[PDB]
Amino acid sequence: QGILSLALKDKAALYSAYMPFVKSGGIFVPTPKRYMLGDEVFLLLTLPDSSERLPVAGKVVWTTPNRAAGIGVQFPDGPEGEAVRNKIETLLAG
């Protein structure tokens, strides 16, 4: 249930969150909620320095019972997933 929010203040935050090694792209999301592997998560994602919030229809791929409690969210395959992927990558390009 519910929206899971992620707002990333800067490129360092992005860089640490981003899980490039995930097929389709993925992201680490802090949360103390309790999720199970293969759940569907609705992610609203804010990118450093954007004025837009990016809805992501993600899947739980990893749980983490510094470094905070949360979840590894895999990007959906397809256009919508690629779009996200590309905005990140483009931000981190360099």
Second form
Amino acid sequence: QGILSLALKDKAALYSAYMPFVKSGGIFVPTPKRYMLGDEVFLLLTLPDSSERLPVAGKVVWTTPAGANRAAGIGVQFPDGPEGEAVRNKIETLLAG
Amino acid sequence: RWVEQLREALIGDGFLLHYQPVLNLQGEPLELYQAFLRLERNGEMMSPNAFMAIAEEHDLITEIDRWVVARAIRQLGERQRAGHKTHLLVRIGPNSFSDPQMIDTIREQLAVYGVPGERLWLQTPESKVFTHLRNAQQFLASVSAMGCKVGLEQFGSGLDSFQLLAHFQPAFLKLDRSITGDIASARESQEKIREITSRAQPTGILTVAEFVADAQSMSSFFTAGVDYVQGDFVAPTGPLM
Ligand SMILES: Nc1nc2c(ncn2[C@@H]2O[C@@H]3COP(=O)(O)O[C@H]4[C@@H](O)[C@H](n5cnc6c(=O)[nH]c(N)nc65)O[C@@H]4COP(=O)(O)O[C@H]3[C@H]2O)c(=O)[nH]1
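And the form solved in complex with its partner chain, for comparison with the form deposited without its partner chain?
Time for the whole complex; same chain goes first.
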């Protein structure tokens, strides 16, 4: 419903959650709600480091139904620009180790 | 015989097209949609954004370009047999400016379905057109001879925009969002949109404002003289029609 929240607990969960083959980088967010492609959502992310929530205003570029695998959700591509490079960097420099 | 070609028909999922209706304002009424590429796969849907990077490094870019324009002409064909006369805006990468197979496809397809060229509107980013002026200029020439309309998207915020217009002389323009999001409150945008709007009309270049989400914006575009508008506030994107 516009405002989504995703908290990850460890490099592994972030590894399976972090989509890197996307443009500005992406993160898969589990939701049983019906989001359509292009949706501009606001995701409050929390990485394995600290419990600080990072603001991410992205677009829905991937939808899943959890059919006949992987929970059902949406893939949010990070905002083009500085604020995207920030979340994408924080993540890469985390999974790297 | 037929059998082997029939067995082929057992077609699965892959690329398909969704559409966004483009509405009237100052312009002439006409069934106009923008086609957006998509990829269906065992339940999931994908925006090109999620796969154009891998395409970019293997250069499927041009083939997926041709596939799109062809499916466009096709859809344009069915909508005619159904007696509709629909127009379609298709995004096209500069990679297709030099590609010959693109012209040939547009020509073949366009004839296959007996659809006039005026029904196909090819849009390309302004930024890419002057980095590739020549190839872009001959693509315009070739395509225009079949009757297709070519225009510039993301047009308006550069130091040499107005001079491209006089030079490239496109059929239409899709105003940059850097000018379109602001209009309800930005004086700079309100004037710039009018500046662009006044250089287009005398020649008949169609103006388009995309990603529109307000009533205010709608009203500001109308007055400024925009011919068409797209966005969530106007209409969603889907297979619809
Ligand atoms: N709810 C909502 N959603 C919005 C809004 N603004 C944009 N979006 C969504 O975000 C995506 C980005 O569109 P784009 O900026 O034109 O960026 C395009 C474009 O760069 C690329 N692309 C797709 N087809 C082609 C093509 O044939 N040629 C080229 N060169 N690029 C293409 O893929 C991207 C994806 O396009 P789409 O699939 O249509 O998915 C769109 C759209 O559904 C909004 O205000 N509200």
